[PDB]
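A.B. asks: Listed here are the chains, written in short residue letters.
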Amino acid sequence: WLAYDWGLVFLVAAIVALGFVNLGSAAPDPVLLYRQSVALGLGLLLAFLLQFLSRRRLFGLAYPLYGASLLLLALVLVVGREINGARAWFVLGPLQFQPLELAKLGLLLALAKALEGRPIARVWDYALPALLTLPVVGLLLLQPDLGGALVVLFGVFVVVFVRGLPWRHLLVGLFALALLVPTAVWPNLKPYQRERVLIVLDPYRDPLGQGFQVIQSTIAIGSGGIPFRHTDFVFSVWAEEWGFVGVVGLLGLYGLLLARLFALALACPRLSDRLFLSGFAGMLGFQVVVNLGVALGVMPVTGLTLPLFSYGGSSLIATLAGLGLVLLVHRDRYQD
Amino acid sequence: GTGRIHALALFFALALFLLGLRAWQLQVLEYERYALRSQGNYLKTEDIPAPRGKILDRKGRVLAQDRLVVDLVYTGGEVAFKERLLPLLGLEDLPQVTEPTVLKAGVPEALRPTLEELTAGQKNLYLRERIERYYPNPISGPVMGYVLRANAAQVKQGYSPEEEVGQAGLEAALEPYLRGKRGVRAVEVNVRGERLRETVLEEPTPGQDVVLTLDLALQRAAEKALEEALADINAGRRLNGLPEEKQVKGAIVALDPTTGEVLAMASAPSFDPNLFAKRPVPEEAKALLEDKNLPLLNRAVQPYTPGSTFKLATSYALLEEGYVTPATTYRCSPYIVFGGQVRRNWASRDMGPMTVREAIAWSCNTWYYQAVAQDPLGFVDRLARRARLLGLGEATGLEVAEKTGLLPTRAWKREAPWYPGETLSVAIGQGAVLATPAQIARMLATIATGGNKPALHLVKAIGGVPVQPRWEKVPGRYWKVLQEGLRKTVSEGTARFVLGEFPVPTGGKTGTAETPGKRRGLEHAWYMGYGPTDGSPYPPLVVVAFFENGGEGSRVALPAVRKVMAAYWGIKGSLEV
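If you're matching them up, the sequences are chains A and B in order. Under my numbering, residues 1462 to 1797 are what the first sequence spells out, in order. Under my numbering, residues 5 to 581 are what the second sequence spells out, in order.
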């Protein structure tokens, strides 16, 4: 019907464009550029195929996708592949899939359809979303996946921050939870683990944090115009080669991207559309500020790539399939 | 319903602004910190070693430090300016080996400039620099101790293998303070591979310098006086037929009773702390660890039988409970019958009437036999009350690791079953009244001060912060009586021949402990002795000397204290010139 927001589409295209450009120097292996190019074609075709759906059908599979995502997060710990100390993928040869992507896209719908009703603010405000979040994060910490669990916990927070808003009770709850859990884990933490966490907060320990400390020096190489990885550190490769006058251009597009995500989130009148589009823009922005925070030596290392820049077999498709569902619920904001 | 979304839009806006601000910091404010000389020069990052602190005593005599170890290594076998090197090095030839080998280790400060002019910056001749802990004035290991590299178990705690972990009694207590922050730097490397500019990214902390209460003068005297005791230990064991057993086991402590500072602490057989430190793998140190003896343990802090030294506390508890007045009457007979067996005295004839002052002086055992025989069952529990009150049961507060001193009570024997005949052997110190010379040195310091129970501490100042001493007072109604009996021991008791003609009026008591092994005539040589009883213009001092199985505390331990006391107050010998 050509009633989308092309400004949001252009911002997506302009960053994936620099994505392949930055993948000219980062991951120069032509075998890698092929699997990324075919990932965009499937990422754009899937989002094109998702447009052949209605919003009611989308929210009709909220609990099915949520319940199916739990079946995958419980099955990934059995017949999964361990890539970096954790089984969190399904690779049967030419296939590449992660059960954490369906968990995020499934929990966003499930917690939007459910929280459309009244949340009992006194005690049970943090009951239904807590009952729908712990099974997800619990099956992620048993991988283990700390980066993916933080995106989930931040997305659920955004949904509750739009509907619940227990500001007085919420902040006091976090201050208590942030003091009792460290007081319990630190005594039971091993010296191998205690030093590990202390090295995460302060990155000045070379044998593990040398490359991550080198990132802070690598970025500041060029101004006004060997890294550990090309995935978890796309920005460092890009920030170093393009100086500072470029860095603002990337931060600009990502700033404008998260703006139209929140802007279109306001144009939707229905509550579940407010929740779903806020939890998506929150889940996407949280990855950016964390990924660039790790690169800029501010946020602790979590192991999360940067959208629209990272090399992803299924991550690019999943993020594009996520953007398609955003354009779906926007054109369906009026009709029932 | 919408205002909360404006906040997230504002939050992610300022978050990307802070990221834009942090980036601008590194890009603009720090570009001089990441200059590349307008060429494709890569950047290497190397950590900076941590200069460990310097251990030194009061008055500034360094006892431990680390510096550079300069070595000459060469590969290939090129002449260079060989005619000048051979007379300088004294090797007269270049041993042609395939692998890199070292020539003239420990290059002195005068040879280094001359070598540097002949180094010529060539590929074969260079000067590798190394860090190693250097003890300019080495002090007895069991007290001072050694240094090893980071163990595999310790590496996981976040310590680099180039770090030095001190298992030393003194260097472990100071290890958290001595250790410096291992800094990190990054240097611009040219295409040729040369150093161009250094960049400090973590400034190294050079550790902290600890000032000890030890005196290097009294420390040499203590370790020295341990050896002439061997000549006296072998002499005493000769009269028993036992072998010469020339091993010099024992220790000695000499501290200040007022300020609680320890001024001389040594053990034997001590070792050389420079052994474990400088050399990569010294084989002689490996034999020290597998030693059948105990060359690493400090015998000043290990529990041993105190014997006649503990009887000074038995008299204290006897006077504070009210069992005897300071002017009681007991005849020091040669033999006493407890009721089951005869309790033997150290002598064999009648000594005469004695008081508490006369009992400590002549070290009479038959005194404490008759005095405890009044209430043998209740005093033993009350004995340990005052004993732990004087500083014999609890810890001394030393920074070096210390062992537990066991004091016997009725409750302890139940968990170990009690017989009344044990009290008399416990009153003198036979009944497993295990104590340490450090605790024993403190028991004399309390009575010499007359109430104050100062805490022992090797450290006088960490960094620049003067460590203040912690005191504690004990309830003592009659202190002078114990003080007179201690000088009456020097004036008229056992120490009559050594310290009677001594200039400084000294008080003390000798000690011999029937060893539990065989009781075959070789006892534990003990003697305690504190400073000027009378107000002579001399600083106070307490000295205690112990020797394992040395025997004859009057013959072995008493002269050892006379030596250390002579070194402290500067007592001249046969120096008529």
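Calculated from the structure, these hints are not laboratory results. A portion of the hints provided could be inaccurate.
[Unchecked claim] Derived DEER-like restraints, expressed as beta-carbon distance ranges:
id, chain 1, residue 1, chain 2, residue 2, range
1, A, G1521, B, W28, 47 to 55 Å
2, A, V1759, B, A291, 51 to 59 Å
3, B, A157, A, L1732, 53 to 61 Å
4, B, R62, A, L1614, 54 to 62 Å
5, A, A1591, B, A420, 55 to 63 Å
6, B, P210, A, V1661, 23 to 31 Å
7, A, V1759, B, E50, 23 to 31 Å
8, B, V204, A, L1507, 24 to 32 Å
9, A, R1542, B, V106, 30 to 38 Å
[As the list claims (entries may be wrong)] Here are some of the chain B residues that sit facing chain A, going by a computed Cβ distance under 8 Å:
id, residue
10, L18
11, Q31
12, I52
13, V188
14, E206
15, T209
[Stated by the list, open to error] Subject to a maximum C-alpha distance of 30 Å in a straight line, what follows is the list of computed DSSO-like cross-link-like pairs (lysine-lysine):
id, chain 1, residue 1, chain 2, residue 2
16, A, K1651, B, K185
17, B, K58, B, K282
18, B, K250, B, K228
19, B, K160, A, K1651
20, B, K407, B, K576
21, B, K63, B, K567
22, B, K407, A, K1651
23, B, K407, B, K228
24, B, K108, B, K58
Note that CB positions come from ideal geometry on N, CA and C, so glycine has one too.
A.B. asks: Are any of the numbered hints broken by this structure? If so, which, sorted upward?
C.D. replies: 8, 9, 10, 12, 15, 20
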